[PDB]
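> Here's the letter readout for the chains.
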Amino acid sequence: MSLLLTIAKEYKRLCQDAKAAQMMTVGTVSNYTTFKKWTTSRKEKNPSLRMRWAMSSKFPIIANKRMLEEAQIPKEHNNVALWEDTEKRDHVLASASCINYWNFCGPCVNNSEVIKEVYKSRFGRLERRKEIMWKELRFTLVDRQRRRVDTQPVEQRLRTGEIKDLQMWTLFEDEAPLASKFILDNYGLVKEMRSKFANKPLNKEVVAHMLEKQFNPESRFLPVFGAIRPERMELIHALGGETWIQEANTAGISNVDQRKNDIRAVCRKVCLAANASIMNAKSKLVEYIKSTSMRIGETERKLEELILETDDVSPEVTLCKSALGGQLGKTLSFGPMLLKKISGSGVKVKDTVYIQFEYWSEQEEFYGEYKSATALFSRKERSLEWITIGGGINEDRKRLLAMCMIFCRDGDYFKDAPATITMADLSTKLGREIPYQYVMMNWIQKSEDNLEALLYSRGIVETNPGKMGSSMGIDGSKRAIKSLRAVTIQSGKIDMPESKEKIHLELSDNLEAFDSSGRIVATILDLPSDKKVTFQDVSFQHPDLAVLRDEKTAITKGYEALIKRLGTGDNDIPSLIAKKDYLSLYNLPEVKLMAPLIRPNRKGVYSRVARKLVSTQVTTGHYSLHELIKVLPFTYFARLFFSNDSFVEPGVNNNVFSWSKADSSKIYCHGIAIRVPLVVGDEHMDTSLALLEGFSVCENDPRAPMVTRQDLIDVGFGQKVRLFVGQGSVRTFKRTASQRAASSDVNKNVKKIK
Amino acid sequence: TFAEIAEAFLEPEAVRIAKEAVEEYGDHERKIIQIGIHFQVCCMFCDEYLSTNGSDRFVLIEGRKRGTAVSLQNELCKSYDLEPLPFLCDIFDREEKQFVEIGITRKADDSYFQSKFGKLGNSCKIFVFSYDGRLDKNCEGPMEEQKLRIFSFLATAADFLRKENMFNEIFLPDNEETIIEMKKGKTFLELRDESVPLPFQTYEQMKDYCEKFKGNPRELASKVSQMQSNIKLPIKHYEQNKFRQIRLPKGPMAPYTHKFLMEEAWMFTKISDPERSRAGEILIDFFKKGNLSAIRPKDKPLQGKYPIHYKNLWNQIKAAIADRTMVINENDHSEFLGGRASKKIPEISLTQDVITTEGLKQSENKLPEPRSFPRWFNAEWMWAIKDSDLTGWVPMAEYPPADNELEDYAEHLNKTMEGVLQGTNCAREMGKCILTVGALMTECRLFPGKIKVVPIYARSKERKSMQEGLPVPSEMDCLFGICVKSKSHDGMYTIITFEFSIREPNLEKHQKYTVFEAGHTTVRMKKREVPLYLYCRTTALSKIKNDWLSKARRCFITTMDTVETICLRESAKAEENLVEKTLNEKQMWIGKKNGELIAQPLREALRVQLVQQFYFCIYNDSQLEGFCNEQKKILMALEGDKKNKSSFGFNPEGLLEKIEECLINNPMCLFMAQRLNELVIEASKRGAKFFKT
Amino acid sequence: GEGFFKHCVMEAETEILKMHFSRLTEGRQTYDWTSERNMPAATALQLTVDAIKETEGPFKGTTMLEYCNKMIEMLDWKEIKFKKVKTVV
Amino acid sequence: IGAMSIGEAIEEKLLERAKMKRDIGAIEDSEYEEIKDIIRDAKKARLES
Amino acid sequence: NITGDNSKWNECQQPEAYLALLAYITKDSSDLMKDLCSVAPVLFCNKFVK
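Protein chains in written order, with PDB author numbering: chain A, 1 to 87, 91 to 358, 365 to 647, 656 to 771; chain B, 4 to 342, 345 to 494, 499 to 536, 543 to 708; chain C, 102 to 190; chain D, 705 to 753; chain E, 303 to 352.
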């Protein structure tokens, strides 16, 4: 009680000091960030020495008085002094040993469960080590010197600006800005985190700092030995280095590593959807992106915020990103191959040669990344000048060689003409002529002798002495009896370059991205995988994949009408629940849309028990807000509710209706929908403050009472109210219809203007 | 990266219009974000709403090209016949049938509204929004929803602009977009207008020559002329292969720079009690009850510089020890520190004593006298190499729990290496260094500006593997001598060392030391008492030196890496556990005897490296630092010649001059030089790309 | 490239224009000219600014640009006031 | 962050917390008024500068 | 190959040149930051040493 007084009295004392008063008044609050920075704690000249000097004295350490006064005796067991009344700060000085005593004999119970899930980051990184096997040997290992690979991977990894929002929300409500983008979309993780942390007020500053690290993969530039899974990264040191090796590792990994790959396969299909119709590629893929909803192991998350903010850049993922405003440069994709550009420059030039063609005339040096095989190439004037291969497996080296020769594009490119004109020439996609590099590429991907053909197209020579280890056989061996020209293997791997860069530009109408004013990064279609397997994945809106039955679309859309259209204002569910009037709710016109799909036999018999439950829940503190939606539609007329021969029981989550626990979301077969502001469900206690918001900012004119956030629930609809926001600024809102058309509003006008 | 910023908070496609507009409409890279707001602000205001008819309620004009927007504003002159609004508005309503233009300002609304209102009057529906929620408008407001939605966007945008702290840049034309120039102070402009290098004096002309620069290939000729004038040395290694061997200074033999004596130093054994020894300061107090109290030197010393002072002090120490280990002196301290102060004179009054030159006024600074190569050092190394009877000195912690795969290897290697190196005399000296310098390091905090008696001790446990059940391996601490603290000058402490010894002193190396004849001490063995000498000296200890000499353990590690790496590099070739084999079988060249090159196994030639690293810790002078950091170049050139790489060095005389230059009075530094000579020699004998005199 | 410098500059402009002058406190020791001594950048800046405040009124720049503009404005200042310590017996 | 002075935010936040603690929590009314009094009495001394 | 170390690296280089180089780099970028680039060197072209 005085805790809040003494602070005010302190404020009084401080604003009386005119010097402090002015600096407190002038300028923004941001100034704090500066004012803190005008304090270094102490001199940092001799670190170890200073500490050895520090601990040498018996009573130097600063400590907390009040708590030790409250809980335990300040005096000692062996008659060596521990405590005094001597002092500038409120913290009184004490000996080092005391700390060890309270650890021993202090009275405390039941903290064990509270700890671990605070540092699930660290504790998990422990847990993972338990589950592995071991083996030991030696070798002159050739490690892969530079990979910018995620280390310390955790599920639901995200960017630094957004995680800060989470940090803010989960820390404390009182001083938090109403940040929409992250909260609306990624709510659910919000619930979980906020729930486990907000209830027990402990270590407020610390927890926040450790959560920042909890979702940050430390993507450092490190030397790896072929085990490229982000789990093995954490503990590479024990696993190896240049002369060490360990075994039985791949097994115990977190659920993330595969879940990324899944998203690649999602993006694959989402790109095929836009491939299917070449009326437009720009306006349609974006729809498939923003519509699609992902389900992570423990959270529902949008596809957009995964794609935009994923770490790993695959050929697909590049294309997925290109639709959105997501800058992820330094990546070059070509078919299955990955490339990086290190040297030189030159212009795109047109050259017709007998089998139009785009050729580059740069003295350019680039790095080749293929499965189990790395290499270094340099092209000059449309032909490979210098080449070296640092691969593992013989095949994959050959694949490298070929793939890079394609991109290289010699005169022998044209000479090989088995078929092509019959099939590979014209792609069967609304009569579209597919680009030429990719044509020969696909011609080589076709069969086994097609690889042999161009492999033989290069100059072949019996290599010299001084090139036996270096020479490359046609079959991929190091024998050097016969070998390819302008090429040498290296006994060991090749290092990968890295650049801290961001580049982004719009995409062309055929899934091409002329980023950095050219460069052909997009590769159109990497892999023609004609497959449709999914697990726990959501899709929506004329998706061109038939998962929607007539009877199920009727039910689902019938529900969606009700769920979605409600809560904006008066004569919608929220006001009706707030009034305690449940008749208007029965007579709702969106229920009349749902009426004719119920089984006629028991229509009244259902409506009976439906009208019962809804009425019994009218009393506050007992109603389940999810159930009401499930139960409502049958109430219109005068356990198993057959809606066109399919049942919907109260509770008992099923195919038609999934009542999810502890988070606002609900599944209808292979589909998901939810509403955010109209929530006061008894299970949503922790985020009753967060969830209730479908408000928006108007004007500051009225004399609206300064209500606390918890008081915001009571003020009804059309009510202009005043509130403290974030770290300072105070604004005014009302109960308003949900923010709408963030992207489209612009996009359509932008389309109209041309 | 403005795009980066804009596209992060704004809508992806909305930025493109800004980016495009900025190329033609204006020419300022930052402003994309300013207009980026304005544009988006409009679109939301005019799209969702449609008129009662099939046509839309509003039509957008701003985002279109400025040139197109003109001709689109000229339509209104055809449609409604109102005066050519010389100013191009943003939007046209069809339900309200009027001109609409939107403004967005940071400050209190009036400030900006009055401007735009001044521009067009009541002619258009002018709506001016503030990010904070402040509102200003013409007569009527937009519809209740779009207000709500626009302000919500603006408010959130604002917070994003405050998080990145972009504020005074964002203001609107009449206010601050005009004043974007860098402030031009006449002082600065002058300073600049005479800071230029060229014959050109004004900046503008230098600017012009810079901006309009196109450099032709005359730099070839400039570079050849530069080359002729250069006469740059195109050097070869076969020609200068001699390197004139290595130059070495001539004069008096270098002295014992180390703060403590090693080889000759003498021990006094004491079986330690955990509760008596814990103090470490009381160690001596419990020693004195033994024989120590008996020893007293004569007034007449061998090879002494200041006998009577040290002799007195000894008695003051001994006298102190009985009562309490602190010297009760106010005046003797000040002398003993001095053995001095220099009284100061103000410049102001000195002017008269320059005019009248008295006290003989002058200015001089002094240099250190060069010394010659030491002989003893070899013997010191040879003694520091061999195993002492006492087992282990440096307190090493326990070993951790281990997994079979790596921990076994590490734990094993460590246990063996420690096991070898703990027995050595080298380790002894490390131990005493650590324990004593540690003891002083405490005393500096405990009693500053005070005179304290600190012992020179080391802790060791004797190990007995006679295969019998003995009482125990003997647990103890032994003493080397007594030390005296004197706090002076923060800065460097002055220290006074008194060590016991059983060996006859040598004037050539102990020149700094002052020796006494102390008495006689008993030494014995069975399968005789020798005279005792007391060595005394004074030295300077920097806090830094205290710190780095107290952590002497480090030397182990630098050895370890170096040792281990060899075994791994070896074993890794054969893909087998060759650590244990390599350690015992791999032969390292250690020394020379009877003119023949000798080598030992890596487990015993380890000791060498450890000694070397310990000496590197002890004998570290700025001389040595330079010595090594120019020495590397010799080694690289050497290994160049080894693997027949046909090296070269541009000014070897100049290198050897820098090597010579850093060789002053540092026993180690010199030793290493003289050894590098013999290296160069024996190397030249193996493979000839060097000289022998 | 051909816009190599243009681009590299753009990035710089961007990073700097953003920057709060407080970030200037991060770094090595620098010369405080108030007391004419070497200091940890933070404190030196504190004094630097505080002196400006006491001379000509509190600084409201909150940015590197306006800081620099003030810096250049101080050269033409014929007079400047300091926080200087003088002990009297 | 936000377009406010440090003191202005401090005052209003203290009022908000005082209200929060008074309305539902365990603190007296006359004490809340005593807090308000301290706040306003601080605002004077803040204004004078 | 050659290992190259340089002596008196800092004593050789001159802010006078850097001014010109900065003026060459800032040629096209902006007349609002060019003047903010050219300022840094002149303080070293006119520097005082304690």
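If you are wondering where the hints come from, they were derived from the structure by calculation, not from laboratory data. Take these hints with a grain of salt, some might be off.
What the hints assert, rightly or not - Partial chain C-side listing against chain A, Cβ under 10 Å, derived: (1) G102; (2) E103; (3) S123; (4) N139.
Ideal Cβ positions, reconstructed from N, Cα and C, are used throughout, including at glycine.
> Holds or violated: is the Cβ of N139(C) closer than 10 Å to a Cβ in chain A?
Hint violated; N139(C) Cβ to chain A Cβ min 12 Å, cut 10 Å.
> Taking the least C-beta to C-beta distance, is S123(C) closer than 10 Å to chain A?
holds (4 Å)
> The hint names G102(C) as touching chain A; please verify it with the least Cβ-Cβ distance against 10 Å.
holds (6 Å)
> Given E103(C) as an interface hint, is its Cβ closer than 10 Å to any Cβ of chain A?
Check passed: Cβ of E103(C) comes within 8 Å of chain A, closer than 10 Å.
Going through the hint list in order, the structure does not satisfy hint 4, though it satisfies all others.
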